[PDB]
Amino acid sequence: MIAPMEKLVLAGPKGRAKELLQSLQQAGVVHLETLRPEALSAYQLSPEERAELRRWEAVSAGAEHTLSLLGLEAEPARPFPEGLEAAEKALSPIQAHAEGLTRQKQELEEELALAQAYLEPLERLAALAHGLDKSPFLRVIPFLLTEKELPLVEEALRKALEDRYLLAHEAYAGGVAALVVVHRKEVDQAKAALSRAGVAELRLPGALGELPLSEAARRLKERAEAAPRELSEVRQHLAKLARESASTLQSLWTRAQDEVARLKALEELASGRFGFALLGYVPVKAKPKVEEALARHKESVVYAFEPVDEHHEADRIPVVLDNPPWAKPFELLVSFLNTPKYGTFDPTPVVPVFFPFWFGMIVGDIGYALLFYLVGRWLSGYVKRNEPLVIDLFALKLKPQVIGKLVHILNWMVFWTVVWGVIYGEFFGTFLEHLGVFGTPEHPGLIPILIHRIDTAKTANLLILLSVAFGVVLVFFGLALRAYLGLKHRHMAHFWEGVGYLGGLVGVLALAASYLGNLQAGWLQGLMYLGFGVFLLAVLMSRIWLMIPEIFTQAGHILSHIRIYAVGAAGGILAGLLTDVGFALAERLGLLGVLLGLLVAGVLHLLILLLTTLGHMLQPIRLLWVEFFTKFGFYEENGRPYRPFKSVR
Amino acid sequence: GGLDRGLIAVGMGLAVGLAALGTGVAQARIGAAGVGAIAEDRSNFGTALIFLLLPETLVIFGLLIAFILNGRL
Amino acid sequence: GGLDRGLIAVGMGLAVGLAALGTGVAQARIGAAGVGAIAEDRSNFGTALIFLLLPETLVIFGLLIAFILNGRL
Amino acid sequence: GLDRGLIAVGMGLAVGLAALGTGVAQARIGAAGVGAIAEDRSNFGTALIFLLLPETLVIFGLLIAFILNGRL
Amino acid sequence: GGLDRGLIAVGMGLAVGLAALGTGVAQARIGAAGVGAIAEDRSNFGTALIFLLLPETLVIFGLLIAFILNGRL
Amino acid sequence: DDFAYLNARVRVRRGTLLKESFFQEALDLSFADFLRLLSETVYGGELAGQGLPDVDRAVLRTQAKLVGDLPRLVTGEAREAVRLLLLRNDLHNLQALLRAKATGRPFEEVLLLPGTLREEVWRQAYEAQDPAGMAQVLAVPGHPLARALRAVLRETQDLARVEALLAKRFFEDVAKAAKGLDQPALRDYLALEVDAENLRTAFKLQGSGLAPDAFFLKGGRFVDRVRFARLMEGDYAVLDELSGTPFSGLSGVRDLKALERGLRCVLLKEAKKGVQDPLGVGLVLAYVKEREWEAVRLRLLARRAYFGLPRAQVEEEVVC
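Residue numbers (the deposited numbering), protein chains in the order written: chain N, 1 to 649; chain Z, 8 to 80; chain Y, 8 to 80; chain X, 9 to 80; chain W, 8 to 80; chain M, 3 to 322.
Isolated chain N (complex conformation):
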């Protein structure tokens, strides 16, 4: 049941406006509203508060940027009431430290990466050119080149002085150090011809490709012998900066987010010169908290607890769910989709009354239930450890309250798969073979079975009729509920569409069961009379056309509930056949390679577990999502999501 969501109107003076918006934002259970057009101004806030707002946003952005620079992630904490320039003196030195160190070490890694890849060719050409460092007669064209194609680049030197003009590659065969030395203009033109044959001079950034090679090689030796020490020390100092700055910086981040949220919501008011007024929405189970919070102020400044205006002109109303706590943890599973419109039916209790009971009819293996109970006790130990669940393969990081809801749905699901593993009679596929624990008359060993599910002459017609019968109950409940919601708002087309689909569907079902099912064509024909008469009456008193092609898809939606028995038989006899092959070919072939067949059947059984339990877990909830939720509407105008004053904490 959606909460009735009353209206809250307040007024007063403006210093008290900021103070009561503080006291309303600390107890954050209220939604806001613009309230522009009548008798008040749009409330351009203040110039000095605008400067304070943009400075607070700069504080928040700088703190979060410092934190992401530090490498950790931004979680809230409890804030601290302290002065703004005190927050500046808290923010700026650690920001200066981390910013100077992330300049220093990142440019150090740049210089170290450009150094270590080119130490040895540079030192090699320095030992080769120790008779001419920067002598003013002949430039030294360096080219760290490929393998033994030295004549292809030395053809330019052959075009140059052949009995002179020393150009070769001595050693260091990772890259052949083709050095060329003749003159200034001779080496320039021969370097142009060698670049036409493919060549390039060592002109890099930093100090190597901007200075003479001897002293630059000495500087590269200096950086190679110095830089890992600074690597280790700057990692140590950033670790210390993390461990003794992250708490206070994310605390002031929480404070800054609170201040920015309050000031940006402060413009949602309406005032002139001797007072303001604002409007908001409060759910009805939040009235004593807001009442005692607003009892603090000046002369208990005047509240208007309006009962909200009704379903006409009601699209701007926020929506919540408010379900009893036995059905509570499916709110995320019903809120993957959109939200209702405050006057649409609360859809959430039917998924606890149906979905685990359908998943039991999907999965009828006691071994699957025991493995689910094992992962459930693991996952409840994980919420005992209070760790957020993280996996970077899926980039799935999520908080332990969702994980506790997952514990609840997993337990409330695994009970029904236990009881439908009992009734269907399958232990881990089929381990009734050795110990005949389940009683069929072909090998009666122990307690009987209710339905065998491996053969179809005994099972298929009964199970397929019950699988259609659940869809009959579901779809008739959905169409009756749409007729109810059309009866509520005094909107008549929804009522006619609901009663028309109901009459047409029961008429088609009666005609099917009569003229294609059994004998006794006498009693049901009056029901066919009634059903098609109601359908024609609806189309005549409706004029809401193109329902006539929908009734075929509507029978499709009442009939598409075969898939629960379909994947039930599929997964059931698949598991039974796998354990049958493994158990038989292990036991009756060898009698001591039985552990070989047992563990390979176990690992293939867990393989098909891991490879199709996602699919036949997804099937009942898509059955709900595309039959039942779309019968009674639920896909119109998206509602409006209730977000209160946060106070992020």
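The set of hints was computed from the structure by calculation and includes no laboratory data.
Mixed in with the good hints, there may be bad ones.
Stated by the list, open to error - Straight-line alpha carbon distances no greater than 25 angstroms define the calculated BS3-like cross-link-like pairs of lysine-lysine that follow: (1) N:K14 to N:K289; (2) N:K289 to N:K264; (3) M:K21 to N:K264; (4) N:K185 to M:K103; (5) N:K399 to N:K646; (6) M:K274 to M:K21.
Claimed, not checked - Quick partial rundown of chain Z residues pointing at chain N, CB under 10 angstroms, derived from the structure: (7) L59; (8) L65; (9) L71.
Where is the CB? At the ideal position from N, CA and C, for every residue including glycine.
Model the placement of chains Z, Y, X, W and M on the given structure of chain N, informed by the hints.
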């Protein structure tokens, strides 16, 4: 049994498989455009699901003809 | 006279294979758009696995008709 | 002994045609996977899991083949 | 009795050929994207070969079914 | 190869663009609020400091990171159909390098904004004894310039008439390459674009009176030779004759500014139709041309915000 029981079964199974091929051809392109419209923003979910699962009437019709042929023998 | 078991079995195999081709044709383009939404950002994970695992109804309907035929075989 | 071959051509038809179905699936899914890997190395596990997801087709085809083998 | 060896053989050949068609349709676009990735850079060679040689599972399963039928023969 | 794979990424990126209330509220501020409002969006990922070269470098770098990726990520028919959208940049860089080789000013002279080719090709493609060798090292296989520059290279080595016939050959070659494959939403778009191109060429060559049929091309459909000639000579009822065409409100327009405004509006209107095809090439077209409209409107609003121009000078330039 004879040729009767054998040939009604392939008349069943051909109908099921070929109607399944039809709705696979439909849901391929409709699921492509649906995954697109969801990947823009998480707001078109209630319309992508109904436009995606409009073509399953074909395979329930295939199962209808199949169960008629199953009860026929 | 003996033309029963082989022909109901080839009806079984034809239904399974042809429905398999149907959901392969569906999951081809749906998984292509799914990976196209995944490899941009890893926030579309569950809302692409739902669309990939959605067309697995077709082979299990073919397997339904197959297991009914095996019950009559 | 006349229907002993036709169960086997049904077996082979199921195996080959389900192989065709998941080949059609793995075509586009593996093309998207190789595109994502050619973008970056960091999409390896998602490419492998989306590529190995449509093997349901052929393991169900082997299920039907081993049904028709266990009958014969 | 006759008319069994030929029919298990045409099942064998149809299985091998049609599974070969399946992995051919797969390796068409997979090897096309692989050659495009190789023409972009030589760094991603081994991952291109492993995505190209993943669908050999199809044809070793097809040859498995063929050799099961031939051992039955 | 696969259109749906690229289309998923393009629809994700189309999910993140700037709304109308952004510039409608950024129509009156003083450039610090501009830096403020661009600090949040996806263009702020590359914003280094503050000022006009910072904002321009940020817009160009984000457009190269967010638009210049989609010519990659596919292989074959999909890249052959998507590369013919963002290819004006390659023509601009190639004609800048052509005039730089024909001038003598150094190779480090131009700035060379990124198009579709890596810049090592540009660094290598200045030194060549034969300009056919420059077109050969420029040649990636199915490229329009790689088969257009060698097509109209068959007269001389390096002239300016070569550049004029290069521009004409480029337009007709892009139109023929649009006709040469099957995309039902891109052929009509490029025909309408090249019709817009030679129409505004005829408007910006009014009054001269030189031979128009050497400048008029083929590939458009709304105009022909006689309308081109009677539009180059001064009577504008022919520009009033174009009705039924998407040149709808564009009638009686004389000056270049209002003309080019109307042509840019009708190109963005007819190129926003590409959601008609949510599987083929229409959606990436409606992404890229909307992205360049948003980029140049962001640039013009930046100029107004910095220099304090009146909003009555800009109000006509956010009309579409």
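Hint check:
no., hint, in the structure
1, N:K14 to N:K289, "holds (23 angstroms)"
2, N:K289 to N:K264, "holds (24 angstroms)"
3, M:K21 to N:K264, "holds (20 angstroms)"
4, N:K185 to M:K103, "holds (24 angstroms)"
5, N:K399 to N:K646, "holds (18 angstroms)"
6, M:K274 to M:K21, "holds (15 angstroms)"
7, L59, "holds (8 angstroms)"
8, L65, "holds (9 angstroms)"
9, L71, "holds (7 angstroms)"
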